[PDB]
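*Asks:* Below are the chains, spelled out letter by letter.
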Amino acid sequence: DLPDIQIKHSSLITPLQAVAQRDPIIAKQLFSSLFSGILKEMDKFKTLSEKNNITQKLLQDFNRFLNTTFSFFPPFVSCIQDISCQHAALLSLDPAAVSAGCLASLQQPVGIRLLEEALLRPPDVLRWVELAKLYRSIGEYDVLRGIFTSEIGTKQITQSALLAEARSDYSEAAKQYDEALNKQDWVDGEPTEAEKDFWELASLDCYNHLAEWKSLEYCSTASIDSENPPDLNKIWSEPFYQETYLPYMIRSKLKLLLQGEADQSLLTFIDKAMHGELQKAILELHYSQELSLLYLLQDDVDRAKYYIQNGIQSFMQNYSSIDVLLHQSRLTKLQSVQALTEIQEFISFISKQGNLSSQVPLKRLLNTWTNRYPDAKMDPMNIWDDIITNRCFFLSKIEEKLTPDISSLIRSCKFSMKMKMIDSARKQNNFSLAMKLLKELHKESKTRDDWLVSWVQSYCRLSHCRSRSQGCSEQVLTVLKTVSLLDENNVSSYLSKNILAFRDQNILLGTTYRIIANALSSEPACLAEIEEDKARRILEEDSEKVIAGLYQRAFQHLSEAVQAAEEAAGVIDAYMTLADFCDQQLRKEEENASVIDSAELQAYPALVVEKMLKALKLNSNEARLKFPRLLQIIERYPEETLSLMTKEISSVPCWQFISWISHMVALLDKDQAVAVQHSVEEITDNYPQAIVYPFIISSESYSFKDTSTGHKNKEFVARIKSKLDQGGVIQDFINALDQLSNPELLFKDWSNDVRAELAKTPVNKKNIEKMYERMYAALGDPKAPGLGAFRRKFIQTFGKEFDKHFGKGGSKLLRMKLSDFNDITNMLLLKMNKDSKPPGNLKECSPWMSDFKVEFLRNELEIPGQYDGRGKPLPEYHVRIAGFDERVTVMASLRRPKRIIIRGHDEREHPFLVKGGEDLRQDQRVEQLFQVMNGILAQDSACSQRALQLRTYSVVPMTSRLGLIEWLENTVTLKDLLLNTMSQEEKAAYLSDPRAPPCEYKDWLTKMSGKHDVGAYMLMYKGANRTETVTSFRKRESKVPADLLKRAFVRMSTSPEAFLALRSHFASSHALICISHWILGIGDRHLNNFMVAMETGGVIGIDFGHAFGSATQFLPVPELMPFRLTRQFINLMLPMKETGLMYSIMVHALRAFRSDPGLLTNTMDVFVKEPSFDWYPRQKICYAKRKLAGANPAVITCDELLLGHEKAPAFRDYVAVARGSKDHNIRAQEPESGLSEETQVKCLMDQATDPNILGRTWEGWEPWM
Amino acid sequence: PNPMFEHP
Amino acid sequence: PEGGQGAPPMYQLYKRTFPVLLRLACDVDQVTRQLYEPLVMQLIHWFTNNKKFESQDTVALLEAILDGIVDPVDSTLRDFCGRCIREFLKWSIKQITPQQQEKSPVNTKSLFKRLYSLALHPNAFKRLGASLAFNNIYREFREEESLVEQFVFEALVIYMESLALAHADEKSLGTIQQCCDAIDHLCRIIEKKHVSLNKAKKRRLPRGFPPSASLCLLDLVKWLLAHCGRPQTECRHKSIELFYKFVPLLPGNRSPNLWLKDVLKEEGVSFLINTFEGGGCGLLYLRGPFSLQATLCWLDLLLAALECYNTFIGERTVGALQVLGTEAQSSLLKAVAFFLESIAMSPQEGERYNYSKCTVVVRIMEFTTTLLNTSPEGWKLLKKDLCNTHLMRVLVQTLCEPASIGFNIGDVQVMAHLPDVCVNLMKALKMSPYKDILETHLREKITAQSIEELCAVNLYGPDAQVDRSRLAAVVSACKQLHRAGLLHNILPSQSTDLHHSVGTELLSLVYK
Ligand SMILES: COc1ccc([C@@H](O)c2cc(-c3ncnc4cc(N5CCOCC5)ccc34)c(F)cc2Cl)nn1
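Chains as they are written, first to last, in the entry's author numbering: chain A, 2779 to 2899, 2917 to 3199, 3226 to 3361, 3368 to 3394, 3406 to 4012, 4038 to 4128; chain B, 2573 to 2580; chain C, 949 to 1230, 1241 to 1303, 1323 to 1489.
A portion of the hints provided could be inaccurate.
In silico SDA-like links for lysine to any residue, alpha-carbon gap of 20 Å or less [as the list claims (entries may be wrong)]:
| # | chain 1 | residue 1 | chain 2 | residue 2 |
| --- | --- | --- | --- | --- |
| 1 | C | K963 | A | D3723 |
| 2 | A | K3691 | C | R1151 |
| 3 | A | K2786 | C | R1151 |
| 4 | C | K1061 | A | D3723 |
| 5 | A | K3147 | A | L3120 |
| 6 | A | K3845 | A | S3870 |
| 7 | A | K3172 | A | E3265 |
| 8 | A | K3552 | A | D3509 |
Hints are computed from structural coordinates only; laboratory data are not their basis.
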């Protein structure tokens, strides 16, 4: 009847053990918990000496375990390793054994955790090398930058080889590893044995990725012995040899036998290894597939059957024991399944006699194989090579046991599979392997025609791909070897009829010409200087006509490709590769003045618009992101080719523009507001909720001209206005949302307005009369709001209180005209606060939401923050406003916003935030810029593998001085997370102790500057020198706990791999928002402008009040840091530092951002088209362009500091601190601009982490934490 | 001893 | 442990433990079920307690159950969670004190608001969950009165609206059955409650009603009169059934005949046309099969009007002459004739149009049989309005070879009821003043010499296509004729012999 909680221990212990005896994962957790609890208990008694003896015995036991196991059972190895992680006396386990164990069982996260905990508490080069090995096995080349510094006593060449491996450039990597191993002098010292082993292992890995089986075989067998080495038992000796050379020796020899090698050496080794029982167990448990293929070579089909079925059993047993949240271990475990099952299919096909007598079964098999491939861009090339080599061997076997065009039939399949592998290799940037594979395939390419054209097309696009990395004068060479054969006839009945191949040929030719011309534009004649038989090729006068003709032929081929495509997504690429090329030409000519250039580029502006609108007709996001460029191309060409865009826009889906509505409705007051009217008008009726608010802000100020055709311009706006508001539900919703904002704040609004009109000088006409309406209407005579809207319950008390001074205000202050006395105004505002009762404390402060209670089909509110752009809106599923909560809580700011929490029709509860005092158009434009970024960010391959995406909330401006912001669920500010991660004692010490940094910083400023308040900074800059500030900052930050973030992430992680995932995601997200907030320069990144999603660990940026550089340009104390990279953030990444993951993430993001700077620059044009309340706009965009085309961050900081704090008491010291020391900071030792992505990030983080800066910043910024 | 010691 | 810190708030564990408990209480295995179905039940017992009422844990349990009902595929969860809701109501009214069930989210009124929000929703599964919940709690709150009067009227109308939403949802997704059974359960409750307490109180105002403070019963039937011409098929159907079972049980027990007579005489005859045509009174491309949803929607409105007072004239409420005299000026007969004009004429929605085109022709035939089987006879108001030639060609093409007007052979239940309506129409026309047109029409394609010509030289073999399909259709049509009593009227014998010559020859054919 009720739960019988009166339960035994046996009824809990017994089932616990019963499950533990059934599931290895539950057994692993049970053992870990029991062991940790026992070792915790034995701390009470059993004092130091005996317990140290116990832990030493345990450490020896675990070393034993890790060194003696041969079947690396993942739960067992992981249990041992995380038990070791949990106890400090047990950390120093065995870095070599830990590495081998957790790398042989795909348990790298726990080993990484263990080695990082051991590297905490003469650099430990061995542990660092093992950690690097573990990280490298995962990928994680981002982390392998803060590992291999010279300050861990390690050579430069391993760093260079690893960063060569970061790009799939294994040829250079192996070429440097073998150089390292064969370098004798070594005049810095002698590399440690661990680093030598790292070089050899990485060399074997490189020769694995690059399919040189001869080199891999040699390098794997050359270490054990020489003189035809006896890999008969030597590998089984020296247990180091079994996890290092045995896998590679077997793989190399097998993959080499599979392609025809007669050699009967591996077979003997395997035969005599099966005599033993340990060797047989190792060899069957871990390979079971090499054995299958080896015995298929010997035609021993039955042993292949046994070994492959054993291998499937092993896959199953090993996969089911990998823990569920250990992704990318289950992925790599799953990547072998296709090879396993294809060996199985080959055995089944070759066994059944119904096959290999006719040809239909072989044809079906070839078909299925040609339609079954490993994934491109995801499956690494070892998997591809396994699949393709296995299939080639199978086809060879079937061929030689097929007596009854079959040779051509299978050669076609082999050709297709190898071409597919080559495409995949090119996409993954294994250029060396792609080139090699193309080489030995360029013999059968010509024995057919389609094969020849496919081969040359693949070759030339491969050359284009590898062109990007090369600087110049070399990429022209590489792409030039393409046109010499890309011009082959190929019309011999094939390009004549085959449209797709013609299109591809044209696009590739145009891209080659574009590459050559851009390279020669970069270096004008430097490339042509080194040219002997190339001057003819570039020439087909010498300075600019060459480039003009190159662009001309590129445009010709590209337009040919578009027209060929016009007769899907095969046309989208052509449309966009024309639009971007022509627009690139347009921007190129934009920064120069000429007439013949106009006459030659006059064909482009219309062509770009029409092609890109055709792209938008199709579902394209890469074009939808290019939309605001289509509006600057009309404002620049309004006397021509404008009606063309009207024709194109007329037929484009209605919703395809919901993102850019604020762009459009900011144009319906200017002369070319046509070409938009159709789209906005059909939006207004098709989706009458995505247009309401943007149109309300826009129509609030058009200020038409009515000079030529203003009548229709008003008419369209007015018919839209009538089309909207669907009665008065939206308008009175807005009005009620206005009359809970503090009236005092609206009152200082009018105060600042009037103080800027009459009290300065009586020369302003009719503005006083224009404002006369509002101050009677709002916070004036209490009858006025009752006449206008729902009279708030305060304004009658206001009129009663504001009667003695308001009498003269409304009687004689209409023409007060004294303009020099405002003390009465100041005191009346001050006393407005004496009797002020700001909080509503409940929802009767606005009697329209409190009693909303939807009762009629009143065009339901449909809660804002929706219509995110992408896709058809489907307004049906959008949430409607069912009501409002009774309680509203007010956020502690001077502008004192309220966060209301409103109930949707789904009866769920949607928190929100109202602030009716600010124009949030800037916050809306910043958020849509973030949308643009994480759109272009989602196109770069590097930024896509890491899944780099900004997190954005919905900012919906109701009207000027009234906005609505979406409150994201279950996120907490960074400051609160840090605070509640602390203990009570340290919380009290940090908050309520004058030795704490909050009080120490103020006392420092006071004692050195003599000022107890603001302005002590202006003198402090002229005061304490760099050494003093740095010393004070070091001592100051040495007083807060140094692992708050680490503790917070441990406490919410419940696992080793989970902690790594959360920490890496936090660091990745934070570095992304750092670089993004720098590109468009956002300041005031204090500890509350960061939210942490307590469900994912991601970071969210908040409160873009200081959108572009304005915390350094319009503040008493300026901000000189680019973003927030402070002590806690670095300490999160120990034992690594902020030169690994964060640096690499910022470099990838910056490369994606500067690969096409046009997007952001074009997007930020609304700031000048419709400037907001908070010369001015053009300069901000110019700065954003300049720090996006490569520019030293300190230079831009100094420029903004010049523009804002010129002729300041300490301006020169400001710029001195900002620019750097030239002997301590890399940002001062670099050119002003023309700067690389990597060097720019170097300087950027140097500025971010600078005690000469951080030691002297605004106190509220909380620099120490 | 059936140890929850109470009953809801 | 103490209330402050010794009581650890296990809300987070509950949020993730309750759903798996429900999933496990009902999955497949016997032993698991006997373990976990009770455990869930006494969990609901414990959490619905004056001690644990108005607690975050109870809210978590309720949200878990409600997410259980409104869910994708797993069927057993839906009904087990419905039983869970039933137990929740039972023990949240049993263990509780009545004056505490006021503001806590466990309150029955709040739960019903959640159910209603589920009902009105553009997802089929949420509406199905609301229907299941009511189908499980109906036995409660009716044995507990004093709240039936508050919101039974509110619940019934919005379940009707839920069914109206289900109209466009999908083809019999399983939500029409549940919603209809829900309103059925609510019918036999309301039909036993204000029999003697039909008092105009300020009961909870239902959606779609004009604001009022006295809504005892007459507003409901008046709303029915207003908008039972809706194009929502099952919704409209249940609405008219509710009308006919709700016009009794009124003060005076007055007959629907005098109800509709009084309504006509008090509000005008066109009251029964606008309400019975809605937006259908206010189209060439419909001749060809158009994928446009507007065509299907207008077909829907046509059918709604065609069936709405068709039921009223099949009943003795008001005859057709009153509602089709020179007083309505409707598009009824105009639309009928325009429809009959060119019905005979992507494929995927081609059949979508074709089926809905074919679901009305049978409605015209039953409509005509209704007209012809009523006391107010007289073809004058329908002499040649729809009853002209092309209606008869429709009848003859649905009598034989119905795969010409689009009747899909796949619809087994449609083409099994079809002979019934054909025979009923023909046997009603046998008494009609205009029967000769039927005779001539039928003679045009089925007659003796037509039989012998169709009785080709070869009938048995691999020629299953033509020699054995048209003949079978003709045989079926002749069987329908025999059922109607019109075998000889179309196929007479020869005066010379006494045996039916056609029958004798057909017997000889089969025997030989
Ligand atoms: C305990 O939380 C917090 C957080 C911050 C603070 C003060 O920095 C703070 C922040 C703002 C402010 N401004 C602009 N956008 C915002 C957007 C916000 N979002 C959107 C995304 O989802 C999460 C919430 C939140 C606050 C926003 C504000 F107007 C007043 C204050 Cl005093 N105080 N308390």
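*Asks:* Each hint: holds or not?
*Replies:* Okay, the hints, checked on the actual structure:
1. For the proposed pair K963 of chain C and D3723 of chain A, the alpha carbon gap of about 23 Å is over 20 Å, so the pair is violated.
2. Restraint check for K3691 of chain A and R1151 of chain C: satisfied, since their Cα atoms lie roughly 16 Å apart, inside the 20 Å limit.
3. Among the hinted pairs, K2786 of chain A with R1151 of chain C is inconsistent with the structure: their alpha-carbon atoms are about 54 Å apart, more than 20 Å.
4. Taking the CA atoms of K1061 of chain C and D3723 of chain A, the gap is about 16 Å. The hint holds against a cut of 20 Å.
5. Distance hint between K3147 of chain A and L3120 of chain A is unfulfilled; the C-alpha atoms sit about 42 Å from each other, more than 20 Å.
6. Straight-line distance between C-alpha atoms of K3845 of chain A and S3870 of chain A comes to about 12 Å, which keeps the hinted pair within the 20 Å bound.
7. Between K3172 of chain A and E3265 of chain A the alpha-carbon distance is near 27 Å, which puts this suggested pair outside the 20 Å criterion.
8. Our distance criterion of 20 Å between C-alpha atoms is met by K3552 of chain A and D3509 of chain A, whose separation comes to about 12 Å.
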